[PDB]
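Participant: Residue strings, one per chain:
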Amino acid sequence: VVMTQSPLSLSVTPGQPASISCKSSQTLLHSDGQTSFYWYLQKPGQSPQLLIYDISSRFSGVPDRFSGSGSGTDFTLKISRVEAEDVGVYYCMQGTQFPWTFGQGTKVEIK
Amino acid sequence: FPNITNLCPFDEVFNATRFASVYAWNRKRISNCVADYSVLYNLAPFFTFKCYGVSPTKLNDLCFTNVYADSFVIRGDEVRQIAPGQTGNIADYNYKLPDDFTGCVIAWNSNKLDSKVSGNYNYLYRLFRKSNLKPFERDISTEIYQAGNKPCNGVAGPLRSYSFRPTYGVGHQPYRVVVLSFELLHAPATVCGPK
Amino acid sequence: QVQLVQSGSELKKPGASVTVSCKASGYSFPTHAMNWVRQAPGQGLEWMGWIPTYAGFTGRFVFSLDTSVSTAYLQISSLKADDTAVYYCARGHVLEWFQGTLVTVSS
Ligand SMILES: *[C@@H]1O[C@H](CO[C@@H]2O[C@@H](C)[C@@H](O)[C@@H](O)[C@@H]2O)[C@@H](O[C@@H]2O[C@H](CO)[C@@H](O)[C@H](O)[C@H]2NC(C)=O)[C@H](O)[C@H]1NC(C)=O
Ligand SMILES: *[C@@H]1O[C@H](CO)[C@@H](O)[C@H](O)[C@H]1NC(C)=O
Ligand SMILES: *[C@@H]1O[C@H](CO)[C@@H](O)[C@H](O)[C@H]1NC(C)=O
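Protein chains in written order, with our numbering: chain A, -17 to 93; chain B, 7 to 201; chain C, 134 to 240.
Fair warning: there could be bad hints in the mix.
Just some of the chain A residues that point at chain C, by a computed CB distance under 8 Å [said to hold, decoys possible]:
#, residue
1, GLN31
2, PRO45
3, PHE48
4, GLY52
5, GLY70
6, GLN79
7, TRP82
8, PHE84
9, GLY87
10, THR88
Derived DMTMM-like pairs (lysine to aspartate or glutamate); straight-line CA-CA distance at most 25 Å [said to hold, decoys possible]:
#, chain 1, residue 1, chain 2, residue 2
11, A, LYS89, C, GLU143
12, A, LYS60, A, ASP36
13, A, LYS25, C, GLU179
14, B, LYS122, B, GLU149
15, B, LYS34, C, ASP199
16, B, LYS118, A, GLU67
17, B, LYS118, A, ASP46
18, B, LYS118, A, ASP36
19, B, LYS118, A, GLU65
20, B, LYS122, A, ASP68
21, B, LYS122, A, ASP14
22, A, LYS25, C, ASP199
23, C, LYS156, B, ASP17
Please keep in mind that the hints were generated in silico from the structure rather than gathered at the bench.
Just so you know, even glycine gets a beta-carbon here, dropped at the ideal spot from N, CA and C.
Produce the complete structure using the sequences and hints provided.
Facilitator: Next up, the structure:
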């Protein structure tokens, strides 16, 4: 299992779009009934919430600002408008209905 | 109506992470809750919203004794079978409505959630029975039915799976179906909104 | 949508056992889906186990839930460990959602 997030951190400029990515040797199915790839956001001092991706193009979750994509061996999450709210750590995960293995996390700091 | 402050948990039926087989469908009961059919209307009905006996527009003001939610997954071409007076493999062997049904049938395309590239084979349905199924009847047993010309205590002379794949055209994509069966004025009504 | 509530923290000495609480809001179900997830101090997150099973780690961490409430019961059979981690209760039926608690051991 690889589950590795490449960037250490993103640019801090408010209003500046930016993206992160996670690589794997597990690029297709991991799950029992659907897919293999999710993102979590953990704000400092808080439990994580979920952002949802798939192998073929798909993107879901509660917020509509974020966009998931990926190709090859690498899964990507991007942020468009940066409100300086999204300060914390973003993580990659591979389960679905099914439990999971997990990545290391990447830091997003906004100033 | 009489100081009920609870809200109907429609989200626990409609936003579920897992859906039932056609047979052995999930059946939830809603009572002692304030209805809000604003949510289940022109927000996310997607493909269809077909009601019998009510006008959806004023559904929020009718007041039911009980509301029952029957939830399951079927192949898209079979959606027309979840209706009064219909026949076919689902209507005859898996899920049947009474022909005097007063509820609403809501359905949408779940290809993005249920289909797999190799195929999602976790959804089963009944293909054979000794007789047709009665309205709301459930039968989840296995009878190695296909005796052909010889009764079997082996395999054949049971149930079958669906194959759900993102690319099988349209009629073969899976659909999530929720049926809201209404029990109206058989006892003083308990579930409504604005009244 | 569905919220979870857990006891905020627990503290006890090595050799002792503890139980971690959790309850979910909701009205009815035919079955259960849930996960216990751990965040070690300064690391990413690890699966502890699904509806009473194991994530690959066995022994100290065992559990047995009853229902949608008292859905928890994460049990640590022994605190003779450096597992001064935050534990999370994950909801698996409507939209995935997390809540957590801190469990420690004093010197
Ligand atoms: C069911 O969930 C929706 C929101 O879920 C989104 O849409 C789904 C189809 C799916 O793609 C999910 O992954 C998405 O996150 C609830 O919609 C909310 O309704 C209230 C009404 O006041 C509104 O204020 C919120 O903004 C809506 N939420 C979003 C993200 O738009 C819906 O109420 C839930 N319940 C039912 C019965 O449908
Ligand atoms: C729901 O949407 C349809 C168009 O798709 C519209 O004709 C109808 O009037 C809307 N219903 C209500 C109550 O606004
Ligand atoms: C039910 O919803 C419709 C939507 O157009 C609204 O006009 C109507 O007033 C609502 N019912 C009541 C009793 O308010």
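Participant: Next, verify each hint and record whether it holds.
Facilitator: Hints, one by one, checked against the model:
Of the supplied interface hints, the one on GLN31 (chain A) holds, with its beta-carbon coming within about 7 Å of a beta-carbon of chain C, less than 8 Å. Interface restraint check: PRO45 (chain A) against chain C, minimum CB-CB distance 12 Å, threshold 8 Å, status violated. The criterion of a C-beta within 8 Å of any C-beta in chain C is not met by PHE48 (chain A), whose closest approach is roughly 15 Å, and the hint is violated. Because the beta carbon of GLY52 (chain A) sits about 20 Å from the nearest beta carbon in chain C, more than 8 Å, this interface hint is broken.
The restraint placing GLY70 (chain A) at the interface with chain C is violated, with a minimum CB-CB distance near 13 Å, outside the 8 Å limit. Restraint check, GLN79 (chain A) versus chain C: the minimum CB separation of about 7 Å is within 8 Å; hint holds. A cut of 8 Å between beta carbons decides the hint on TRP82 (chain A): the least distance to chain C is about 6 Å, and the hint holds. With its C-beta approaching chain C no nearer than about 5 Å, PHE84 (chain A) sits inside the 8 Å limit, and its interface hint holds.
A least Cβ separation of about 5 Å between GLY87 (chain A) and chain C falls short of the 8 Å threshold, and the interface hint therefore holds. With its C-beta approaching chain C no nearer than about 11 Å, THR88 (chain A) sits outside the 8 Å limit, and its interface hint is violated. Between the alpha carbons of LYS89 (chain A) and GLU143 (chain C) the distance comes to roughly 29 Å, so the proposed pair goes past 25 Å and is violated. Distance hint between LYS60 (chain A) and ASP36 (chain A) is fulfilled; the C-alpha atoms sit about 15 Å from each other, no more than 25 Å.
Only pairs whose Cα atoms come within 25 Å are accepted, and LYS25 (chain A) paired with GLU179 (chain C) is accepted, the gap being roughly 18 Å. A hinted pair counts as satisfied when its Cα atoms are at most 25 Å apart, and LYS122 (chain B) with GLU149 (chain B) does not qualify at roughly 29 Å. The suggested pairing of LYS34 (chain B) with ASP199 (chain C) holds, with an alpha-carbon distance near 20 Å, which does not exceed 25 Å. Between the alpha carbons of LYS118 (chain B) and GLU67 (chain A) the distance comes to roughly 30 Å, so the proposed pair goes past 25 Å and is violated.
For the given pair, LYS118 (chain B) sits about 18 Å from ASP46 (chain A) by alpha-carbon distance, which is consistent with the 25 Å threshold. The suggested pairing of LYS118 (chain B) with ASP36 (chain A) holds, with an alpha-carbon distance near 9 Å, which does not exceed 25 Å. Among the hinted pairs, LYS118 (chain B) with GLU65 (chain A) is inconsistent with the structure: their alpha-carbon atoms are about 30 Å apart, more than 25 Å. A threshold of 25 Å between alpha carbons decides the hint, and for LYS122 (chain B) with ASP68 (chain A) the separation of about 33 Å lies outside it, so the pair is violated.
A distance of roughly 10 Å separates the Cα atoms of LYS122 (chain B) and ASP14 (chain A); the hinted pair therefore holds under the 25 Å criterion. At roughly 31 Å between alpha-carbon atoms, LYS25 (chain A) and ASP199 (chain C) are farther apart than 25 Å, so this suggested pair is violated. Restraint check: the Cα-Cα separation between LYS156 (chain C) and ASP17 (chain B) comes to about 18 Å, which is no more than 25 Å; the hinted pair holds.
Checked against the numbered hints listed earlier, the structure breaks hints 2, 3, 4, 5, 10, 11, 14, 16, 19, 20 and 22; every other hint is satisfied.
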